[PDB]
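Enquirer: Letter by letter, the chains look like this.
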Amino acid sequence: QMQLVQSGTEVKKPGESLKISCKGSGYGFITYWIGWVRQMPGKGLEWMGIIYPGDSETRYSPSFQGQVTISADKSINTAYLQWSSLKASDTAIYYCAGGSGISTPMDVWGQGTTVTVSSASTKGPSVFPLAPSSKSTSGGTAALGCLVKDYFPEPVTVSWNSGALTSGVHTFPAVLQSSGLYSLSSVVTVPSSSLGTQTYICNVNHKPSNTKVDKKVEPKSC
Amino acid sequence: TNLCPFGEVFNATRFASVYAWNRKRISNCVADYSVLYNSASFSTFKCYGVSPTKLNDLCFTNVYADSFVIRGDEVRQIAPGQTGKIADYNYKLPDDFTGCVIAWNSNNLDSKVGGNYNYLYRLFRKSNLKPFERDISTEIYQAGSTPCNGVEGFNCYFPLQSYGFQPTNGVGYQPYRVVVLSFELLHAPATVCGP
Amino acid sequence: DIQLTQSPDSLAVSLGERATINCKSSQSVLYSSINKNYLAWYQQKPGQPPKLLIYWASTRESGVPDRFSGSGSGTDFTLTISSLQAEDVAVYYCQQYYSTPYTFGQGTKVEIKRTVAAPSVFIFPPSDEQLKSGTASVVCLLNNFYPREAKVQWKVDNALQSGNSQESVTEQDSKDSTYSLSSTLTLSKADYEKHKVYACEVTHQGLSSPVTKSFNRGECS
Ligand SMILES: *[C@@H]1O[C@H](CO)[C@@H](O)[C@H](O)[C@H]1NC(C)=O
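Residue numbers (the entry's author numbering), protein chains in the order written: chain H, 1 to 52, 52A, 53 to 82, 82A to 82C, 83 to 100, 100A to 100B, 101 to 216; chain C, 333 to 527; chain L, 1 to 27, 27A to 27F, 28 to 215.
Some clues are possibly wrong.
Claimed, not checked - Below, computed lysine-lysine pairings styled on DSS-like, alpha-carbon distance capped at 25 Å:
1) H:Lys23 - C:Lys386
2) C:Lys424 - L:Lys30
3) H:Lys23 - H:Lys73
4) H:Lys214 - L:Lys188
5) L:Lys183 - H:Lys210
6) H:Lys43 - L:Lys103
Said to hold, decoys possible - Under 10 Å between C-beta atoms, here's a sample of chain C residues computed to sit facing chain L:
7) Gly381
8) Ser383
9) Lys386
10) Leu390
11) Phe392
12) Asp428
13) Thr430
14) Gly431
15) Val433
16) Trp436
17) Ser514
18) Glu516
19) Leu517
20) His519
21) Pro521
Hints were generated in silico from the structure; no laboratory data involved. Here a beta-carbon is modelled for each residue, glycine too, at the ideal position from N, C-alpha and C.
Whenever a hint applies, use it, and build me the whole structure from the sequences.
Expert: This is the structure we're talking about:
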């Protein structure tokens, strides 16, 4: 049994070229045909094309003919998918799948290559405290959290109390604001009695911008 | 319950010509097919109908192993829907092909120093071959309007050509040994499975 | 070339119950030689790559648990999960490999069905830190509800807001099979300081009447 491994995450501007790769490790590779699948954010799977490494037989889908270029390199067991001029609408995740024949199901899949095309530039996030309400059910539970706003690109990692607090935590999917920057919110529900006895801190890490921020969330003085 | 004779076909001492391609009918055997994936000796390994990796868990009625020798430029033509001298006149494959195509270079074997002309191929024929057809007709091809009464000459050509297999030819003009596996299954008893 | 259409788009079944997904083809996919239809069923979980479950429309990949089964012929195919488990919440696709170009189905989202659960509604005002920047984000949280359908309506001094709110929803919590929604209302600091009452009105099946959570600008809330 063999496996596939694709290149790393890509973040490009509109108009730049790009060429992502997909290398297969293991014995029995001579038989595998390698295809490319595109998955747009929240959308379904789209079959782009297929190639054979041994003789570089390349078959495109009608939707991607002349839009992309599929190539291969049998000396290193690596298939390639490239764009000449990237468009903002090309932002998606591209999997490479492998079938041991041409009319054969895709048995082996890669991990996926996330490609983001946007005119936005790299910017670190701003973390704002979603402070818990003072007027809350004192016998029940209260809610607080952090607002990770105006960052680019994806992703950001959000933990609570340096990983100590995990139960009852909901880190929401980011939204793409009209300004081209992302916005995300993480919340946690805790017993209201613990609002004055336990210190709550959210940890935000944005590796693309190399920005780490710890924000202490506490009930407003008022 | 016996071992499969697949080793005879691939490791055969001599290989047949294109037009007179050999065909080994295999039955009552058990083959693992793993020796075919793992061997890096094959320069081309194109299965079409079935995933070869998940084959030793299946069973078929009859598996046919065709074998011959072609030129490097011709290796692409052993495939469904292909068009060319080899695909139309020597060996044609059906569009619904359920099998596999294996090819490996053999310039070190099928090449005399001055040229091994013993490998032939049909370059002349007035109708394209039907799938899995085998033609040995030596009848003189009639290219012109005047009939050829068994005598060749102008517009009267011998229908077979010789491969000039010198070891100094480019990779395009070098002898490649080709095996073609075909798997068929009717509602008859299947007699060739794997482990 | 060949077209594939799935049904339904979304499907919710309780734990241990049966899940049925249909896939109809615009062309017969049956390799005449061996009598095996070239239809495949894939499973894709959030963040995961797709995973092959069934090939030839009835034969199952190794390791696939005994609860997945494929059936059908001609242009009608079915995927059936006998005892639906929590780890099976995913999107399922059907794909043909008769002839290039390959084509996938539209996809079926499969979630767990549970009892109706009302949401815990909270509302957060913008921090003074954010007000120093120039904008203001008012956040409304709908925690641990089911089903996923929910309507959030923003009100600024009892005036309905539309076109300035973005919301996102978490994946189904594997523990309680509930969703959580976060809606953000964005407006300039100038527009923010002009009004007093900011409210979030939630309409959900588990709520007999709409639930409103509000606050007054400046007051301790
Ligand atoms: C053919 O001979 C080689 C060399 O010994 C051996 O490795 C292989 O198993 C034999 N059979 C086949 C089918 O290649």
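Enquirer: Hint by hint, say whether it matches the structure.
Expert: Hint check results:
1. H:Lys23 - C:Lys386: holds, 22 Å
2. C:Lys424 - L:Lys30: holds, 23 Å
3. H:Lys23 - H:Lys73: holds, 10 Å
4. H:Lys214 - L:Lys188: With a Cα-Cα distance of about 22 Å, the restraint between H:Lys214 and L:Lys188 holds, given a limit of 25 Å.
5. L:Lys183 - H:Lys210: holds, 23 Å
6. H:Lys43 - L:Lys103: holds, 11 Å
7. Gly381: It holds, given that the least Cβ distance between C:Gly381 and chain L is near 6 Å, below 10 Å.
8. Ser383: holds, 8 Å
9. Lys386: holds, 8 Å
10. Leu390: holds, 9 Å
11. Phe392: holds, 8 Å
12. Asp428: Interface hint status for C:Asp428: holds (5 Å vs cutoff 10 Å).
13. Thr430: holds, 4 Å
14. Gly431: holds, 9 Å
15. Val433: Result: violated, 15 Å to nearest chain L Cβ.
16. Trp436: violated, 26 Å
17. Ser514: holds, 9 Å
18. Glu516: holds, 7 Å
19. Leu517: holds, 5 Å
20. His519: holds, 9 Å
21. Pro521: Violated, because the Cβ-Cβ distance from C:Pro521 to chain L comes to roughly 15 Å (cut-off 10 Å).
Of the numbered hints stated above, those contradicted by the structure are hints 15, 16, 21, listed in ascending order.
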